[PDB]
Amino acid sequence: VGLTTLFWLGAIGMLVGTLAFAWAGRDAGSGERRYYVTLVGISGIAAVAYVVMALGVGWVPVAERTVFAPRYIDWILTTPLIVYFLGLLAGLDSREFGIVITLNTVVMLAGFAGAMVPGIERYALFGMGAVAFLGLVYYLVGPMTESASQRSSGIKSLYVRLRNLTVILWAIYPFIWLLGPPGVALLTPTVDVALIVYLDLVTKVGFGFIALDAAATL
């Protein structure tokens, strides 16, 4: 199994999620539609990014490594949508959304920038992202959880389930980044991509399926 193959697998998984979310939201009352649309965009954008990488585009040479630019474009656009989904579920107002969305953006921008910087100073960008990430986790586990507590028992339960999925799985990315080509380059590009393809699929499609389950049960 090579990079190309791993990218195709990611494209296929994202496509399956995209189609399922689009279908399940066919009707969608008039206030629940928002959730389905966000899911379609999250997995849809990732699907495109993976096909692009699978076709060999965006493989940017940096120092003695390769940076998959599409992955980062994908993250920068999709992770804020995931955060939006959680904030909607938690019942946040504009100001609340604004804070978590910017922290999220700082994480992804710093990571992309760090990956694109050849020198050892790139770790300074990585650190910036790590710090903003802790801020994001704080909001997810604190204020946003407090806000969610004002919703029905089911919604609060779905929020908690997805919050846990997000906090735990997202916290893993920085380590894979630090151990792979972007950092120490211990893990080969293939192993790093394999691990990240799984993580992307679960944080997006796994995330979506869990939500659909809750919606159905509700």
Second form
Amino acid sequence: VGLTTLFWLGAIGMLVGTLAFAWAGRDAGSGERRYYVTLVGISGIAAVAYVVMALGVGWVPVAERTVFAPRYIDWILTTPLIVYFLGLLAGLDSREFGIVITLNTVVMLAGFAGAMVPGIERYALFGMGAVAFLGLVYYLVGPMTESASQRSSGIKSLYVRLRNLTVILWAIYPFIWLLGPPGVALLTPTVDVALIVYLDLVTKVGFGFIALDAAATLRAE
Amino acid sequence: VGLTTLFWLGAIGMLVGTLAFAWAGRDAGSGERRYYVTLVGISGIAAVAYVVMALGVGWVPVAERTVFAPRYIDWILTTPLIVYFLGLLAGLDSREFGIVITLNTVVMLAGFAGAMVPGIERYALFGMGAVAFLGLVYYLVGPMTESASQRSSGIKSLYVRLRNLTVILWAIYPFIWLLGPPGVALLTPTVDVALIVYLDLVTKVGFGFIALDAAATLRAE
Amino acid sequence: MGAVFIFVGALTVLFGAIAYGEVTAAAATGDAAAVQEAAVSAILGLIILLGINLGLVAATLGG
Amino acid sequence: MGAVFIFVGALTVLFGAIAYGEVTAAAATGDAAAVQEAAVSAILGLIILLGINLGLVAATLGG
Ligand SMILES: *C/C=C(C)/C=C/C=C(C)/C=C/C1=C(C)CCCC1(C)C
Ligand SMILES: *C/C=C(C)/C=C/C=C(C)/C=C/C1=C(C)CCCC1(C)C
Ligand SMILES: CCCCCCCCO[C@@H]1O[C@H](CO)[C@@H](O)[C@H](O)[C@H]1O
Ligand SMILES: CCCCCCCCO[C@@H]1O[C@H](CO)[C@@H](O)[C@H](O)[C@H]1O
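Structure of the form solved in complex with the partner chain, given the form deposited without the partner chain:
Below, the chain from earlier opens the complete complex, with every other chain and molecule after it.
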């Protein structure tokens, strides 16, 4: 299996999610619309990024490795949308949204910058991202969880489930960064890409399907 | 890591379980005693079998492979004790016990016999074991589940949990037989032994710990 | 949970197939060190994959 | 569930270490085919291991 084949699989998986989220949302009132639209943006952006890589664009040589710019650009655009979706469920205000989106953006910017740095100092950038990520996790399991606990049962339950998916799975990405091409390159480029396709699909499309399943249930009682 | 090292790890794990089950049972009345004793027999027998293999005994050359007689002898003795434990929870009568122990014994006898057969006809013996196993699974999820559903809530709940552990995990053993030394030998002897140690530990010691945890809870309310 | 499990079980064999293909491709080379390289990647990858699957499962069948 | 997960996470890296040792040992040989052999075993083994861990998890955190 070649890299471009894996990228095409990523694009198709994301498209399938996008179509599912769009159509599920056709049944949505003023209160639910923004959630469905957010899911469409998340998987739609990812679908296009995967197409870009599958078409052989954005493969950046860095020293003796290859870094995929569209991967990191996707994350910069889509992870704050996931954080936004979570913050909506939690019932955050603008100031709270600003904090978590900022922490999120620092992680993705640092990780992208580090991947693009040839020298050993790329690990300093990783480190900056890792600290910001611990801050984001704190916000997710602390303050945001406290905010979510004030909302309805169905909403609190969805928040916790999506929060758990997000915290556990997002924590795997930095290990793939460290062990893969940007770090010590113990994972082959193929295994690196395959792991990220699966992980992206679960954190975006799996996340969305969990939300779709909960939304149908709340509306049907 | 050598085979004997893995066998020693198996023996120690089983001993730890045995000590735990013995001591937990010191707090047990007439109604619970037989369950704790059954767990002690299960892990105790397995502990000794592992010691026997670790000491280099029972390694049987078969064609161009090595089969471990004590592994299969352990299973012949301990799996009917696990089936017995499940049947007690389910509330089976002697005739029902006889059926499931018989089906169980056919699986283990067939698998042992097949492992000891050099020729292609060992797969016929595997096949006989596999059919008997489907019969055992039916009994576990059908009739035995129906019997268990007539008992208290705490008992039915423990039965289902242990039944699920057992059905899912026991179903993995025949794949290890097929892919390992007795079958097509795609798993190395080391990987074969390592998988079986882990699997044995979960199906015996994990099973027992789940039971211990439930027993403490039922007695504490 | 069912659709979740066969999704997990099927993607694991599909990942194992990719890993196996990498090892066989390296094997076709005749270079032992190349195979070790593909194998170390496959092992690390499969360990990470467990983490992902376990994470997914714990997250959906937990609460 | 916690004690269950770190049990699962820790045994996976321990299994990966055994598998890795087998691959390195085969690598030390210089025989590419030997490494492929150790690698195919490691891949199949890790796939089966997922099944065991997933089975354990589904069985304990399910009902
Ligand atoms: C849809 C894509 C998702 C949800 C991407 C998530 C990516 C991360 C959580 C990455 C985290 C990183 C760190 C914590 C350290 C620096 C390396 C990163 C950017 C891979
Ligand atoms: C403590 C040891 C346990 C619970 C052993 C369980 C072993 C089995 C469920 C084996 C099953 C087999 C088949 C279904 C087919 C023939 C090969 C066997 C014996 C490995
Ligand atoms: C993809 C489907 C996710 C839907 C999650 C809905 C969570 C928010 O719930 C919505 O909030 C509205 C207020 O803004 C209220 O009208 C209701 O509580 C509900 O419609
Ligand atoms: C290792 C711990 C497992 C304990 C499981 C106990 C399940 C059976 O429960 C026991 O059955 C007795 C009748 O035989 C009754 O006195 C009670 O229901 C209970 O003590």
